[PDB]
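> The chain contents come next:
There are 2 protein chains.
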Amino acid sequence: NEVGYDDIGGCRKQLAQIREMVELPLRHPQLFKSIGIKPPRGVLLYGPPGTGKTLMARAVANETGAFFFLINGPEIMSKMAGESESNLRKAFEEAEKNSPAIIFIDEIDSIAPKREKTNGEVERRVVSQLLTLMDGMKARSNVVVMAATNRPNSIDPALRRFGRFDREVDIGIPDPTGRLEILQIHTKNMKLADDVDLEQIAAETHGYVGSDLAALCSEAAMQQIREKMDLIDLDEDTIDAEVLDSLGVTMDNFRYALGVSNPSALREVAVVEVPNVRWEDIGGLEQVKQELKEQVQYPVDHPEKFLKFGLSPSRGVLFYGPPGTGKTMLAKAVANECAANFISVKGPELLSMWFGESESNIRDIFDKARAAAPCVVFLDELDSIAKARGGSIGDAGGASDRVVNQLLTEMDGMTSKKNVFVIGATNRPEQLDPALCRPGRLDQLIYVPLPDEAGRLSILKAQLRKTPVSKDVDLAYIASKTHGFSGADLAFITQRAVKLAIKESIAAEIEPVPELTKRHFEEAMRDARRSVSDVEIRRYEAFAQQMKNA
Amino acid sequence: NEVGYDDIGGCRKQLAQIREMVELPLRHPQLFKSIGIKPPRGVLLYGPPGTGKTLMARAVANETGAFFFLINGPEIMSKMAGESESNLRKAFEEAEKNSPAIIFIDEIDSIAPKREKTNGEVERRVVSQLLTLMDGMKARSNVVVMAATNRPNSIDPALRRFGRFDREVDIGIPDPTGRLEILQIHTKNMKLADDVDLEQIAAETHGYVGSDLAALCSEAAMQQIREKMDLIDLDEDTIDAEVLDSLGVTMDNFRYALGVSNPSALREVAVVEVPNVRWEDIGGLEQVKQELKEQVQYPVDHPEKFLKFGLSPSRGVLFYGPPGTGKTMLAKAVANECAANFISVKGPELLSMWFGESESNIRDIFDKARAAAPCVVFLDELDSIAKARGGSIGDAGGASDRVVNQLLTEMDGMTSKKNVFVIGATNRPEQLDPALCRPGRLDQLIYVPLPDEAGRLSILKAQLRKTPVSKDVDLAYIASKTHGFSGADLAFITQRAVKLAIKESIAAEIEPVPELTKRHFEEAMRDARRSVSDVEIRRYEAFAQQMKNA
Ligand SMILES: Nc1ncnc2c1ncn2[C@@H]1O[C@H](COP(=O)(O)OP(=O)(O)OP(O)(O)=S)[C@@H](O)[C@H]1O
Ligand SMILES: Nc1ncnc2c1ncn2[C@@H]1O[C@H](COP(=O)(O)OP(=O)(O)OP(O)(O)=S)[C@@H](O)[C@H]1O
Ligand SMILES: Nc1ncnc2c1ncn2[C@@H]1O[C@H](COP(=O)(O)OP(=O)(O)OP(O)(O)=S)[C@@H](O)[C@H]1O
Ligand SMILES: Nc1ncnc2c1ncn2[C@@H]1O[C@H](COP(=O)(O)OP(=O)(O)OP(O)(O)=S)[C@@H](O)[C@H]1O
Ligand SMILES: [Mg+2]
Ligand SMILES: [Mg+2]
Ligand SMILES: [Mg+2]
Ligand SMILES: [Mg+2]
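These protein sequence lines map, in sequence, to chains A and B.
The first sequence runs 215 to 725, 745 to 783 under UniProt numbering.
The second sequence runs 215 to 725, 745 to 783 under UniProt numbering.
None of these hints come from the bench; they were simulated from the model.
Check before you lean on any hint, since a few could be wrong.
The calculated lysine-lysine pairs, modelled on DSS-like cross-linking and capped at a C-alpha distance of 30 Å, are [as the list claims (entries may be wrong)]:
1. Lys-751/A with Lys-507/B
2. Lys-632/B with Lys-717/A
3. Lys-601/B with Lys-227/A
4. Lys-685/B with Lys-442/A
5. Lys-631/B with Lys-685/A
6. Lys-405/A with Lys-352/B
7. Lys-601/B with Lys-560/A
8. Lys-227/B with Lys-405/A
9. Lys-680/A with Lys-631/B
10. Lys-685/B with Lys-717/B
11. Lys-675/A with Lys-632/B
12. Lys-405/A with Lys-442/A
13. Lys-680/B with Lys-304/A
14. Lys-442/A with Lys-352/B
15. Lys-675/A with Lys-522/B
16. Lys-522/B with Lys-751/A
17. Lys-247/B with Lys-402/A
18. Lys-717/A with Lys-503/B
19. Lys-781/B with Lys-680/A
20. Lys-503/A with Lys-781/A
21. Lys-751/A with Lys-227/A
22. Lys-503/B with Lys-442/A
23. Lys-252/B with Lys-331/A
24. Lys-293/B with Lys-331/A
25. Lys-252/B with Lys-442/A
26. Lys-247/B with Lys-560/A
27. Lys-781/B with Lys-675/A
28. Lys-717/A with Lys-631/B
29. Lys-402/A with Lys-601/B
30. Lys-507/B with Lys-680/A
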């Protein structure tokens, strides 16, 4: 119940920050005294809910030799009027007494909402009590104030101003590497069986917080007990120890526990996440591959030539082309190359968060990408922004609405020195306003054509990298016959053909064929159907000839 | 008044959960101690109102040897300021005193609304009192907190976060099997007559909660007394016992009680319910029957071939075709085959719940289907979503509105590993945006043609399975003459012909004839009228030739 550094894992970069911010001024205040700067007393934690934010507090606090004081958000708000503000005054006097001191406040937004958006003056006093007492502190006190929340936007920003809270520290969703470590934290207390592959689990878990993983560990434990319920009689007052020794959680319990309701995660926000697709997994289009190698990889790798040449680059890249051409995966593979952070934002994600009005988060998309620089910001489904008013034809309203007017501010509100990059992608590029296509905003426009038969060969090579295909498969004879078919169409054929294979596989199981026959294919090849009209392409090829007329 | 397990019935799977969650840590805390996990102290009950949620609390609580404490929602809110929060502190100290303890809180939303949507700070204190005192508990306390509500969305979600309430337990509407059991619970105390067939009643009751059934039992009792009111004089101070012995409730009292006012149920929500129609009840269209056997039955039966083949399936199926082609029943019969759970959602059900703004429920549609996985989510009347803005022509607004932008998020917010399935059905498929028809969202598109005369034969065989038809009935001669007539038209003819039969049946009464004559038919056959123009079909057949051009 007392937390060390080993009890938390995965968010190493974040803990590297806090040790510089909290561990460093306390065990060595002389360093800031020798260099002659002020120690930051404004450490702020934030992130998604249930992400160890309370856990990382004591992970730092118990690893000091400093005094610690604890404040809960609702504990002060539970108290009566006046007495609640007394405890804050009782808090800081003890911390300024025991001068090496740590003040952590969990759920800071409950005692500090926006003063504009609040009703009770008792809430307004305790905010005003907090704003007063933060400034009443001293640098000679050597007392560090920590605060955590899950809603960094609901806070009164006067705290987030200078002198009170300056150190915005986000706790992001961990990678499969770091969440593997988190599983090892919870399972090292657990009693498992030898079949348990956490690395298989951590690969199969993608958007989970540690609370989801701890519930995941707690869930598969229960199913292990459910298997033993036949051997366990509940009318007994104590079960025997032999079933306790056999109580070892199987890998299949986690396979059970991956398909249950725990696995509903918290992924419905504006997330930053490193991608997984690469250049080999996208067949063909090597010209625009190198164009991204030109336009976005050269700044993130070498800003030195720019200051050599005195020229800031174009930060605005627009993808366009026919639909179903893998334009979503393109920005993921290039962020996976130069290891930049990645933020996927779709069209209705703007709108559905604006039926709930999350537009500071839209600014925070740029801010977190500024916080996670180098980062690329990917705007999927830009036609949906036009389809917020139906289209450019639409309900007579064009692409421009409150979304565009927000984005044009935030795209122009980006420093050109920043390597934070914005990637736009649509399939209906005529149906977007040129105000967003304005130079400085989005001036690079990249057409994504259909592949040729060599590209369609390279896709079918790349798509079937994980499939047990047959040996007689002439993909080139497929690539000969597939001409007008998109890369989405080719994957759609394989989804048909695998379904045709399962119409042989479990059909034989009810009557292992791990091979995808020509008979599986020539049925789907006869059933093959083109999804893109060539007269639609003649539009895009005229745009590929010239869209700069606009 | 003291409730055992036998006093509740029907929701066996839910009680199987709670015994794992409440009975299991209390009579054997050693199991979680031996396996080394934390016992969940966050049991939350929810469901429709009047569904035994208060009843199942004591059904668990009286079946422990544990201490129990009771909290009512409005009882705390009835109290004065400060004193109300005192009783919560007085609650948990007694439970942490008597350490095997059960804390049930009925109507948790009354003491815990959303802190964003509330006015009194006294409400905000008692929420803050609750959030504090939940975290003040210990695992060594071995104290379980139960809470029930009928509005799971009105709660402050900080309770529903980790450490406070993790175990979301829904109490669904029971099947006719389980509600049969509920009738036997109430009637075993009652004095009935021998004509009483609860199984006939439980078949005839479809969307009732146990409160509706208990009112149903109480209603037919009163009509039984109404029959005895001639033998009962109210000026008497005590009626004789002979009418008490004859006071036995008839089956016809329930036949009276089924048509009364009670039978208004609570069915106006997003419900999950297993269907009843099967493949035999839908004549013809065996091709798209097998297509559903391919596309949706293979994943729900065998995910093993997918991980064999490394390919996630297409989770998005769109039904389309001309109107009145039985497309509503298609998703019901396939959920009845592979025993998956079923959620019927119509078009205006989205809209009418969004004039009252129930969109978390729209997310909870996917969440409850995730809770009731395997489940299929059926979206009836997708043209109505377009008709929210009139159509795609409409009021110049297309299909896209706040509904689509919500659904595109929630459809994309589904894990591909989940067997939770989404089934779309419209009759105006041109009038829907391709953004919803996007691959990953809804890529399987299934045309539903009119049947042939053999299909029209199979329908008239299937529709007349429960009708006392005549013996001279040449359905093929009907099927010869019925050519352009839909399956809805054929049922419409029978509704005419039965009305023509009742224009012979009770006409002969006014002057058993349980046969549907050719004379009943050839009148309706002469009165037969086609509902679908063939030029409308030539649209759909061109879509059936090619809609992939979009
Ligand atoms: N990354 C993680 N590593 C280990 N345990 C974790 C992690 N994330 C969450 N947990 C566990 O889940 C709990 C989440 O509790 P809290 O940190 O209080 O939640 P939070 O992160 O503070 O956000 P709140 O409390 O909902 S505002 C932790 O106390 C741990 O028990
Ligand atoms: N050339 C291609 N190579 C590999 N995969 C492709 C290719 N074209 C399409 N796909 C796949 O088909 C889907 C289309 O990806 P997206 O880029 O999202 O489609 P889009 O071109 O953006 O247009 P929409 O409206 O989103 S379908 C993805 O699952 C891709 O993996
Ligand atoms: N499934 C059921 N089985 C047996 N009796 C039931 C069932 N559902 C409701 N009842 C009866 O109806 C009463 C309604 O009380 P509860 O349903 O427990 O209250 P609730 O479920 O919390 O819903 P509220 O009070 O309207 S929010 C119960 O006390 C039972 O007598
Ligand atoms: N092939 C069929 N087999 C059996 N019943 C059918 C058939 N076609 C239509 N019906 C009946 O016709 C009615 C129409 O059902 P629905 O699915 O609602 O019709 P639809 O095709 O979905 O178009 P609408 O707009 O709902 S009328 C139902 O009562 C069906 O039982
Ligand atoms: Mg917290
Ligand atoms: Mg796309
Ligand atoms: Mg109740
Ligand atoms: Mg219908």
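> Could you run down the list of hints and mark each one as holding or not?
Evaluated hints:
{"no.": "1", "hint": "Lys-751/A with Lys-507/B", "result": "holds, 23 Å"}
{"no.": "2", "hint": "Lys-632/B with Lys-717/A", "result": "holds, 21 Å"}
{"no.": "3", "hint": "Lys-601/B with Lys-227/A", "result": "violated, 51 Å"}
{"no.": "4", "hint": "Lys-685/B with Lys-442/A", "result": "violated, 60 Å"}
{"no.": "5", "hint": "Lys-631/B with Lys-685/A", "result": "holds, 29 Å"}
{"no.": "6", "hint": "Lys-405/A with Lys-352/B", "result": "holds, 22 Å"}
{"no.": "7", "hint": "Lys-601/B with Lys-560/A", "result": "holds, 25 Å"}
{"no.": "8", "hint": "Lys-227/B with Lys-405/A", "result": "holds, 28 Å"}
{"no.": "9", "hint": "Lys-680/A with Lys-631/B", "result": "holds, 17 Å"}
{"no.": "10", "hint": "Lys-685/B with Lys-717/B", "result": "holds, 20 Å"}
{"no.": "11", "hint": "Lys-675/A with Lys-632/B", "result": "holds, 28 Å"}
{"no.": "12", "hint": "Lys-405/A with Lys-442/A", "result": "holds, 15 Å"}
{"no.": "13", "hint": "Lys-680/B with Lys-304/A", "result": "violated, 79 Å"}
{"no.": "14", "hint": "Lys-442/A with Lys-352/B", "result": "holds, 27 Å"}
{"no.": "15", "hint": "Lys-675/A with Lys-522/B", "result": "holds, 18 Å"}
{"no.": "16", "hint": "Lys-522/B with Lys-751/A", "result": "holds, 19 Å"}
{"no.": "17", "hint": "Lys-247/B with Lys-402/A", "result": "holds, 14 Å"}
{"no.": "18", "hint": "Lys-717/A with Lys-503/B", "result": "holds, 14 Å"}
{"no.": "19", "hint": "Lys-781/B with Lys-680/A", "result": "holds, 28 Å"}
{"no.": "20", "hint": "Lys-503/A with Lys-781/A", "result": "holds, 22 Å"}
{"no.": "21", "hint": "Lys-751/A with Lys-227/A", "result": "violated, 51 Å"}
{"no.": "22", "hint": "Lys-503/B with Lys-442/A", "result": "violated, 41 Å"}
{"no.": "23", "hint": "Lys-252/B with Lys-331/A", "result": "violated, 38 Å"}
{"no.": "24", "hint": "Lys-293/B with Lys-331/A", "result": "holds, 28 Å"}
{"no.": "25", "hint": "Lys-252/B with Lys-442/A", "result": "holds, 18 Å"}
{"no.": "26", "hint": "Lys-247/B with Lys-560/A", "result": "violated, 46 Å"}
{"no.": "27", "hint": "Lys-781/B with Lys-675/A", "result": "holds, 25 Å"}
{"no.": "28", "hint": "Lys-717/A with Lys-631/B", "result": "holds, 21 Å"}
{"no.": "29", "hint": "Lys-402/A with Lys-601/B", "result": "violated, 57 Å"}
{"no.": "30", "hint": "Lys-507/B with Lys-680/A", "result": "holds, 25 Å"}
In summary, the structure is inconsistent with hints 3, 4, 13, 21, 22, 23, 26 and 29 from the numbered list given earlier, while agreeing with the others.
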